[PDB]
Amino acid sequence: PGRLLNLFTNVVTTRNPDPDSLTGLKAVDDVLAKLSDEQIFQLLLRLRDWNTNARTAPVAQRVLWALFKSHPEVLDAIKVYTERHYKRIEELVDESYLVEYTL
Amino acid sequence: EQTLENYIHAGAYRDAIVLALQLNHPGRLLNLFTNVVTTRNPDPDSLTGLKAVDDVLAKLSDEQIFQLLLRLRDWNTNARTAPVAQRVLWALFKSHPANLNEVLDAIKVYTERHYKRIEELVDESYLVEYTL
Amino acid sequence: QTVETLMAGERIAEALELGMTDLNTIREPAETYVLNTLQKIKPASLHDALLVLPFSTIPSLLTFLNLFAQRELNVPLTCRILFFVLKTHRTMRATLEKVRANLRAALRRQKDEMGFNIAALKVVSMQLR
Amino acid sequence: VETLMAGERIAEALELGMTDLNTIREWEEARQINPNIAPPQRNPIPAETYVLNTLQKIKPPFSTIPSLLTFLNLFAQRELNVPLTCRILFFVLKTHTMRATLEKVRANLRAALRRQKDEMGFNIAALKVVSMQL
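Chains as they are written, first to last, in PDB author numbering: chain D, 767 to 838, 858 to 888; chain B, 742 to 840, 856 to 888; chain A, 771 to 798, 825 to 885, 893 to 932; chain C, 773 to 817, 825 to 839, 850 to 885, 894 to 931.
Because the hints were derived from the structure by calculation, they are not lab data.
Beta carbons: idealized from backbone N, C-alpha and C, even for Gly.
Beta-carbon label-pair distances, calculated as ranges:
1. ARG911/A / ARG821/B: 20 to 26 Å
2. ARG797/C / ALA839/B: 36 to 42 Å
3. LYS883/C / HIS885/A: 48 to 54 Å
4. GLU875/B / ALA862/D: 22 to 28 Å
5. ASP815/D / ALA897/A: 34 to 40 Å
6. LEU801/D / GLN930/C: 17 to 23 Å
7. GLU868/B / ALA820/D: 25 to 31 Å
8. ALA820/D / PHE880/C: 18 to 24 Å
9. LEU791/D / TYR866/B: 43 to 49 Å
10. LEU882/C / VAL848/A: 51 to 57 Å
11. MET929/C / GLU858/B: 42 to 48 Å
12. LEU791/D / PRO838/B: 45 to 51 Å
Pulled out of the complex, with its shape left as it was, chain D reads as follows:
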């Protein structure tokens, strides 16, 4: 399951990705389109586990975003950390305003 995280990191960090694709590869997109309702679950379990940690969060967010565009108590645990990150990024944006002004 660690190498899963590894591959998920690689597919979204590609030097140059296929445009018009969620993750960046139509294959793994097709993959995330089809799972067994107990595969998707394990996947988002690992997505929670990774979303907890800052450095691996954006990849888990990409995977989660790809997953959220494909389908109709744990989602809480994802939501909270996701909102935390959202605020962190908002702060980054305020800084971006300062930087934008200086020049």
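Chain D is fixed; fit chains B, A and C onto it per the hints.
Only chains B, A and C this time, still in chain D's reference frame:
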């Protein structure tokens, strides 16, 4: 008198704005800026949307800058007139370097609230997006 | 007795017909009209006003909404109208995508712009000894 | 005082990285004249991930800066450790013609930021709807 200003208004914007600054009321000035910013077909190179406005803004000296600043605060308080005032403000800043604390603090204060409401709109719009 | 406020909501449908027909006339200010008649409406019950709105008028309404969005005309109202149209209900999906796109563009515009302004106000106030 | 060693560490990483980048740039440029060429010669076995990792190992000169800007813009383009990149841009601007490069970098940064911000907004919205539908 005022009608000369009106004919400059039937033509040239620089003196329209200079004269409007010189003499009350600022309502016609607000009208000017509004027609400049909200135009159906603007100028992508320009700040406000029309070169001459940016020009008179940068050519503006100290007193006009301060007065127009005051009017900018005034227009900023009202949520219907806020957008226009914000564009004019942004343009003025882009045209003049970091060269009274009252008007600056006030403008900051109302502007921050505005920014907040816009953020709220952005969240609502995230919802609007996922539903679609 | 609210039902008549709903008909008051229907009053803007006529404004939509007027504006759209006028637009067709010009094809060979009118959006300011539909807009102003839209802003003249009371903040409450307009949810119900759009709820009871006829199907024929909505494409016209969408056209005027996108026109507002692209021209940055009263962005909050346009957003609220869009969300209500969506909450109360194939190609119209595309039209909605267009109007919502222009809306978000307008939002990102004003937000980034105001961010710039706030930062500036902070700096010049700070450099004011 | 150890920050001096860290500084020479990142300066060397900049020389190595910029040289490698130029090597591949030249390779691809000259790959256009004849497809059949031997591959380039890189020192260790890429290519920004190195500079990134040697930049992430440190705990929180003028000549070296343009190269650093190139790699900064490169981080921005690949969505690579955006907080670090933003902090770096802010620090570079805070101390010390190149201004246009800075405009480029900040543009790419703001873009990356908006992308993932919108992405997290979407994910949160979805999470709310699906939680509500439970």
